[PDB]
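Enquirer: Given the structure of chain S, go ahead and fit chains U, X and F onto it with the hints provided.
Protein chains: 4
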Amino acid sequence: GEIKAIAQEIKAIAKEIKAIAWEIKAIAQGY
Amino acid sequence: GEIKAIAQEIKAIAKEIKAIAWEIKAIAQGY
Amino acid sequence: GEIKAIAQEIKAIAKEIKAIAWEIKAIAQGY
Amino acid sequence: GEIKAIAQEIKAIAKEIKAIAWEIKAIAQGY
Numbered sequence: 003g004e005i006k007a008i009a010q011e012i013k014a015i016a017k018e019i020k021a022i023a024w025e026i027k028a029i030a031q032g033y
Numbered sequence: 003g004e005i006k007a008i009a010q011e012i013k014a015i016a017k018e019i020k021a022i023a024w025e026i027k028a029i030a031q032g033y
Numbered sequence: 003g004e005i006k007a008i009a010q011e012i013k014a015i016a017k018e019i020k021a022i023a024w025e026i027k028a029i030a031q032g033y
Numbered sequence: 003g004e005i006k007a008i009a010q011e012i013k014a015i016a017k018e019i020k021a022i023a024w025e026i027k028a029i030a031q032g033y
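Residue numbers (our numbering), protein chains in the order written: chain S, 3 to 33; chain U, 3 to 33; chain X, 3 to 33; chain F, 3 to 33.
Bound-form chain S, shown alone:
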């Protein structure tokens, strides 16, 4: 139900945040 829907949405946002964090790490280390 609703709690499963909300948990799938949080997992999608968490995977988006992790992809942006790896992009930021690339810029911080310059490669």
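Keep in mind that the hints are not guaranteed to be accurate.
Claimed, not checked - Below, a list of computed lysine to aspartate or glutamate pairs in the DMTMM-like style, where the Cα atoms sit at most 20 Å apart:
#, chain 1, residue 1, chain 2, residue 2
1, F, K6, U, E11
2, X, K6, X, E25
3, X, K6, F, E11
4, U, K13, X, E18
Hint data in this document are derived by calculation from the structure and do not stem from the laboratory.
Expert: Positioned in the frame of chain S, the structure of chains U, X and F alone reads:
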């Protein structure tokens, strides 16, 4: 309903973190 | 029980991530 | 069930994002 409320809190803080990550990704390319 | 605890644990880690993201943002801004 | 499994997935991605955020702060601080 108590677990759904904590999941909605988590989704809000995840959207806040994604917003800040986008602000960093912009700034860190000189945008 | 356990599902409420896992949700509380996620919320605490998300708050920690948000605090680190603000610190990273300040450096990215030049401060 | 599925809610517990997605919650444990979220908590593992959150801990990966916290680790990358601390790696980015280390690199930006020259630690």
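Enquirer: Is the Cα-Cα distance between F/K6 and U/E11 20 Å or less?
Expert: Satisfied, since the Cα-Cα distance of roughly 17 Å is no more than 20 Å.
Enquirer: Below or equal to 20 Å on CA atoms is what counts here, so check U/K13 against X/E18.
Expert: holds (15 Å)
Enquirer: Given the hint that X/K6 pairs with X/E25, test it: the Cα-Cα distance must not exceed 20 Å.
Expert: violated (29 Å)
Enquirer: Given the proposed pairing of X/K6 with F/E11, does the C-alpha separation stay at or below 20 Å?
Expert: holds (15 Å)
Taken one by one, the earlier hints fail for this structure only at number 2.
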